[PDB]
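A quick write-up on the structure given underneath.
Rather than the whole complex, this shows some of its chains in their spots.
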Amino acid sequence: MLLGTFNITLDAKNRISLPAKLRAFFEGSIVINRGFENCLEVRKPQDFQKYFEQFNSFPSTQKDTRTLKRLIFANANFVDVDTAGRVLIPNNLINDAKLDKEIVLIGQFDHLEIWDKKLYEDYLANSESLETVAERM
Amino acid sequence: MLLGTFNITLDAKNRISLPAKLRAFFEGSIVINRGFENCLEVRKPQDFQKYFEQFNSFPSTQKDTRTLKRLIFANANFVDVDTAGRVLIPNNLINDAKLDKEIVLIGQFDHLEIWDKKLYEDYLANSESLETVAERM
């Protein structure tokens, strides 16, 4: 399981070092792809595989289903975690999430989310209460 | 099955001593995270695991689902219960729930909720009848 918030820094080669606590969870490689609200998601391949199936339960004959699948999977990537537990983030992905220097990794149980510290805080700053949001589920 | 109410105190080092009755239930570590109505939830890891699944059953393509999951899992933590049955409560969590000194532990079968004594009493003070509430389920 993946939980918690971590504050790390994007190094000069666009890599991120997995927090050791987290590094355990991930084997030799991960699938990265772009998330919602400008964040980049990280997953073990096995989990990436199961996330995807949750999509195939979507029409596909529906225009939006295709836009969604296109925006997600054409940007997913497969990266290897190096011995030091670092992940080189793809160029395009570094841009999609406005990554720069100062990353926040948040555990999402299933996956990891990589954010730009300022964007993440803004996200948190806006966005309603845990109670307000939950009542609507 | 965690049941009952317990009055306890947050010590100087922000630790809480599990009620012995309750300490049995909890093995070496637990997951903590913030709950609803400002309370902090405690769970055996495997129970936290099952709680999460109950979420994945939520859209995810929905904005609210994401806000909910981010609000919850970003603040979950994994704490070790020490030999004496004490748990050091993370600072951020100490603030989320206005924890101070004088905590209330309530069993919730599934998990534990840690409350500020005043807040919890006010919560009970407000909030309708067991019957009024049940009729709406």
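Chains here go by letter, A and B, matching the order in which they are written, and residues are numbered from 1 within each.
We adopt the following convention: contacts are C-beta pairs under 8 Å (C-beta built on N, C-alpha and C of every residue); 3 or more make two chains touch, one makes a residue touch a chain.
This homomeric assembly is drawn with 2 chains in place; in total, the structure file defines 8 copies of the chain.
Keep this in mind: only the chains that are shown with their structure count from here on.
Chain copies chain A and chain B are related through a rotation whose angle, from the C-alpha fit, is 45° to the nearest 5.
Chain A and chain B have Cα centroids lying 27 Å from one another. The residues of chain A lying in touch with chain B in their complex are 1, 3-5, 21, 36-37, 54, 68, 106-110, 113, 123-124, 127-128, 130-131, 133-134, 136-137.
Note for the complex: chain B touches chain A at residues 31, 33-34, 36-37, 45, 48-49, 52, 56, 58, 60-61, 63-78.
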